[PDB]
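There is one chain below, alone, in structure tokens, taken in the form deposited in one PDB entry.
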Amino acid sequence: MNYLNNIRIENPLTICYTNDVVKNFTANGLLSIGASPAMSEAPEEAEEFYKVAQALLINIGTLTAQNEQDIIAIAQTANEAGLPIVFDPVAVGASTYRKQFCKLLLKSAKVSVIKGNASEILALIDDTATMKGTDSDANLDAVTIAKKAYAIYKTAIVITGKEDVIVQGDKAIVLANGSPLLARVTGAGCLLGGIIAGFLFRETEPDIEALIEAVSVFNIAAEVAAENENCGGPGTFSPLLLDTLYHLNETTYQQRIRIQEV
């Protein structure tokens, strides 16, 4: 756990422009691993915040007309500042509104990681694709979709699912950690977007190892939290997830990581 040690020591300022359902959970997840979250949404303070920040998360869960301009503006401010952007195109497949916005954003700014479930990333690369908010199952290959998305955007792609897929540069990786209770907790993937941002340390082209570690730290903590004897369900799980992220050590991480290339 190279990068996590550095997060706990350096306390990286991690800006989050995220959706209204998950702000509190995202901030508590970041605080638990030692990062310094800031949910700054005013374009007027983006320049000064971004100079000293290590990453920015943009998550469009609750996109409205009031957000659209601000989001484009702060993405551009981030590019000018060399601040890496993690982008979560939540439920992009569910509306033509979200598809058009995501297209505009990816034409207006370079992002450093694109993270979503299989249907979300599919809808990005194929605008006839369709979803609810959740992901169509049996999607074709998360691996094939991630590789196609990488070729199009030349940006690291993370596809979450039963198993998680990461594509960066010439490598593709499949990870197989976590718990089913994660899917019954509303912040989870939106929180993962924030955690990934916490691992970037101002690298606009992040090392795949940093992404692998972000996802594995999150999923291993979930795994362990769900095994706790006081985990009685999705309610009690969530405080335990945060405890487990706080205490996670090298030994547990190395014992539990499940990873495979190509």
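Positions refer to the first chain, counted from 1. The term rigid core refers to the most C-alpha atoms you can superpose between the two forms while keeping them within 1.5 Å. Compared with the form deposited in another entry:
- Core superposition between these two forms leaves every listed residue (144, 186, 130, 79) with a C-alpha shift below 2 angstroms except 130.
Go ahead and give the structure of the form deposited in another entry, now that the form deposited in one PDB entry is out.
Keep in mind that what follows is only the chain, not its partners or any molecules around it.
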């Protein structure tokens, strides 16, 4: 629990350009770990905000025409500022609109972490038309998808699922913490993207240990919240998750973390 202590003490300003369903929950989850969220979407204030921020999250869950040019512009402003970007290509596999936009974004800017579920990351890389020799209709595992994506974008890849996978440089790790109740809370994965942004501390090429810790804090909090005697389902789980992020300590972290290399 190294980096979480620093979040709690430093209160990193974490800019979130995220979807309209999850803004409150993402901001609350960032506040619970001690970060300082700001949902700023105006390009007119990006240069000022970004100079003093520690990371930017771009999540395209409710992407519309209102957002497209602005997201590209701020991504470029983040690059120029040296502000690391976490990119969550929500539902990219569901439409050509989203596929085209994500391709455009990742041709326009260097991001620092790309985070999605297996189907999202597979759709990204399938659309690239680069993966000569790979059958995409075959049942590719998340580790394989993550390493292929890493080869394409040379950017840390985080694939969420029953087990989570992180690939950064030549290290790949698999994490096995969490709760099924997380899929039953709409902001959960989207919040994770914001939590990962919270752990970056302005590092454009984050250490894999930061990413391991971000994902593990979230998932272990979830596991603990779901065990709480007052957790009665996905509704009461959400407040308990935030409480459990707020209170998570090193002892619980170390006792619960389930990680495997390769």
